[PDB]
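Visitor: Each chain is listed here by its residues.
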Amino acid sequence: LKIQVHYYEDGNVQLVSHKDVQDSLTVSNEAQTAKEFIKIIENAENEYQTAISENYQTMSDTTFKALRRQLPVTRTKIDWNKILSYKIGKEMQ
Amino acid sequence: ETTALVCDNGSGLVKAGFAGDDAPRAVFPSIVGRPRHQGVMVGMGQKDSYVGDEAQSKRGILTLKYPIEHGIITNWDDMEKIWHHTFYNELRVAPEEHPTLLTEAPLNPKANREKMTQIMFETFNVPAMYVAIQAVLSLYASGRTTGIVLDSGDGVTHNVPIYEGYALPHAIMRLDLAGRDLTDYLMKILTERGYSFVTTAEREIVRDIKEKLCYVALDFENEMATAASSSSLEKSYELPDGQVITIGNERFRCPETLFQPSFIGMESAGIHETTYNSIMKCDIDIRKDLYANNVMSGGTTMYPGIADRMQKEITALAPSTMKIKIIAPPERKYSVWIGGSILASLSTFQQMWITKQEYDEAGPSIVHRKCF
Amino acid sequence: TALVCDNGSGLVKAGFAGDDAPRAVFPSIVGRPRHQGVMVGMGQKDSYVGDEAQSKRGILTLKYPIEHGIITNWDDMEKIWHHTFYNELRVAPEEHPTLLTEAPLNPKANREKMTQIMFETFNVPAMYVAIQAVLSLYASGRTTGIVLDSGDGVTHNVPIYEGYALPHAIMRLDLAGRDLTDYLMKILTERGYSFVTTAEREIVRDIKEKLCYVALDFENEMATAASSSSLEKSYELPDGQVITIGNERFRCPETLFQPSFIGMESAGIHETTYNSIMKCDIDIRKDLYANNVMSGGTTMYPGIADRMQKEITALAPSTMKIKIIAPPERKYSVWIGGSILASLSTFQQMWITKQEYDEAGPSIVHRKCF
Ligand SMILES: Nc1ncnc2c1ncn2[C@@H]1O[C@H](COP(=O)(O)OP(=O)(O)O)[C@@H](O)[C@H]1O
Ligand SMILES: Nc1ncnc2c1ncn2[C@@H]1O[C@H](COP(=O)(O)OP(=O)(O)O)[C@@H](O)[C@H]1O
Ligand SMILES: [Mg+2]
Ligand SMILES: [Mg+2]
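Protein chains in written order, with PDB author numbering: chain G, 192 to 284; chain E, 4 to 375; chain F, 6 to 375.
Hints are not guaranteed to be accurate.
Claimed, not checked - No more than 20 angstroms apart at the CA atoms, straight line, and that leaves these computed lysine to any residue pairs for SDA-like:
#1 G:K281 with E:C374
#2 G:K268 with E:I287
#3 G:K281 with E:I345
#4 E:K113 with F:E253
#5 G:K273 with E:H173
#6 E:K284 with G:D252
#7 E:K284 with F:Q263
#8 E:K284 with G:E200
#9 F:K191 with E:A295
#10 F:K284 with G:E200
Claimed, not checked - Facing chain E, from chain F, some residues (calculated, C-beta under 7 angstroms):
#11 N128
#12 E195
#13 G197
#14 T202
#15 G268
If you are wondering where the hints come from, they were derived from the structure by calculation, not from laboratory data. Even for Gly, the Cβ is constructed at its ideal location relative to N, Cα and C.
All chains, please: the whole structure from these sequences, using the hints.
Guide: Below, the structure is given as structure tokens:
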């Protein structure tokens, strides 16, 4: 399963994604095995799309926070007149 | 060679000394006593006021006043007397050659800090002064960089979470319930057995009773049941006039107000719930290290049952998979002063002082610019 | 006669459909006794609801059943609905269909339990649940625009095109008037005033409703407040004490534009509105920029329209016309829109009746209702 999206209105953003799904099915006459094939296709692609949506839900707290936080751990903006007060607190082991 | 002075001005005690030492040189009560009777013998000293231990020595003929109530200085002339007796009588130094470090409770009025800066710079005129939060100094003395500090003294019980040296200001909580309210509540409940204490000198006696005989129960209802069942929890105390009193269940009802503030009519939650609310107002990925590094500081954390009770209450409030460790050092009565000496003995703190020329240029409002 | 009830996080606005104004506006609080009762020649209840709580709050602990838009206590919400139906409206809920309101982007179990309680305990012939910002746009006489709904628990930015809300552009900020009241309680400690109790929280709420405003330029307002005492205002306490605040009048609503003042990660309401507009298609952005509609009591600060105009003009392209509509009755705008919707002719076949709830269960509200 592959998805590719490009969006370039004022800047640029791209998404590439793929997933490999392996399952098994029983074999019978043509109509029943066709229905089973459609059923496993549905139950794979629905979970893939729902997982993509839930991954977009938690981007700003799990993966984007690992690169740049939205606020520091003090939950406030930096007081630029007190840089040494931030630097002093890490010198005591 | 201009060594710095570390002075902790609590609501009940003054802990003052030199930077670099491991123990405060001067520990004395923050009281001013004035005579309430008339003097009939002439030819003596007979001074109009008494500061510190001399006020406590002749407290029977004096009325006692505290210049600091709930962390806020209310009387400034009495605080002038306290600081003058600190510098010139308890330390024997001239405060023109030593920069000074002072402590303050969080969420205090700004006028208190401005007036402290003003009285340090043009009454006891210092080359430099700094004002610091007490709980971050307790964590500096504890040897950690992350953790939540519960500082409880005579006026203010405050919880401050610090993560890697960063004090987190939106999770700092303050309660105006401390050892003086506990002393007043024990003074009230001592009238059930017939012991009546009224005057300000007898408040010191009730405080001594509280320091010697009170403790925190692990389970309050079982302790009340076993106190009513048997006379095995009673203890006896001797008054200055030789009379003996006995308390059986006032020993654990007095520090139960720290866990149930409704005993004195207050609507606020307990210290355990305040700690849990301070942790829950932090970031979700740092709550493990905050739960593992609970630090207790101050004189009201010196009851000999309080760590196990706080452990039980926090473990009840916390989720079941979390590890809760509560650290109570044996020297936690003086922990703000030790961390203050550690902070004042550092090389990178020497640029953080508020100098005299900066006070002359900016007036008494630079303390909101250079100090947290 | 239909019933329109707006159960907000801080106020309850209920009345009959067709009237132009709500008939019952009362605080959504439950008060319980705190002290020892010593007199026996008295009523001596155990729970006080609404204004009776506010007239007795000095001996009471107050509780809000709704926190941050979602319902935390359901017994207290039952008490609120009982007091609304039987004491403030004097109606019988067995005879009247009842319209209900709900904030967007909410858990579904809240709507499930709302329908279950309204059909099993306060049995109505029919009920319906509507979105508040859509009704606030309906009350303003338009069908296309973006609604900024800021109340007591939530702030929402909802864009509606041709009567349909756009769910992929609904933005939710968890900052409203309760957080502003608590931040004012925090910043009044600098001048020496201590407010701790739940009764004093209402006093600080009254101070915020009476004295605060929104600065046009925050840095210049802080510069002018630190130069002279031309901005200091006085307030008289219930016990006769007089307090004076100088720069807390505009620092408290600045949390709407700088949410980091209380330690929240999200952006201000101007950036939230610009993000809600910018998620839409280009051909409707002109209509959404021209039709900004304010709603709720937290938009009642007397500086918020000009400041919002300045900030959205700064964010938007320079060829775009920005118009912000702040109706003078926007404290009651969800109720008026619900009155308009419930008095429509074709709306009468969109009621969820009791028979369909019997045949479906507590899940019909996700199929027949939005
Ligand atoms: N062992 C003890 N048990 C109970 N209370 C104590 C004990 N030691 C001190 N206290 C209380 O601590 C209060 C002051 O503690 P401390 O924090 O050291 O001073 P301050 O509050 O002035 O900073 C006193 O009022 C006293 O009642
Ligand atoms: N004049 C005013 N200025 C600022 N805020 C106000 C004013 N009047 C009311 N508010 C705020 O509006 C909030 C509730 O408004 P409203 O939206 O009508 O109720 P709800 O939020 O319960 O739906 C209250 O928290 C109150 O603080
Ligand atoms: Mg202290
Ligand atoms: Mg509302």
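Visitor: With reference to the structure, classify each hint as holding or not holding.
Guide: Right, here's what the structure says about each hint:
1. G:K281 with E:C374: 17 angstroms, holds
2. G:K268 with E:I287: Between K268 (chain G) and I287 (chain E) the Cα gap is close to 19 angstroms, so the pair holds against 20 angstroms.
3. G:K281 with E:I345: 13 angstroms, holds
4. E:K113 with F:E253: 14 angstroms, holds
5. G:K273 with E:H173: 18 angstroms, holds
6. E:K284 with G:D252: 16 angstroms, holds
7. E:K284 with F:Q263: 19 angstroms, holds
8. E:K284 with G:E200: 38 angstroms, violated
9. F:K191 with E:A295: Given that 20 angstroms is the threshold and the Cα spacing comes to 28 angstroms, the pair is violated.
10. F:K284 with G:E200: 11 angstroms, holds
11. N128: This hint is violated: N128 (chain F) lies away from chain E, its Cβ roughly 38 angstroms from the closest one there, beyond 7 angstroms.
12. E195: Interface hint status for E195 (chain F): holds (5 angstroms vs cutoff 7 angstroms).
13. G197: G197 (chain F) check passes; min Cβ-Cβ to chain E is 4 angstroms, inside 7 angstroms.
14. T202: At 5 angstroms from the nearest chain E Cβ, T202 (chain F) passes the 7 angstroms test, so the hint holds.
15. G268: Holds, about 4 angstroms.
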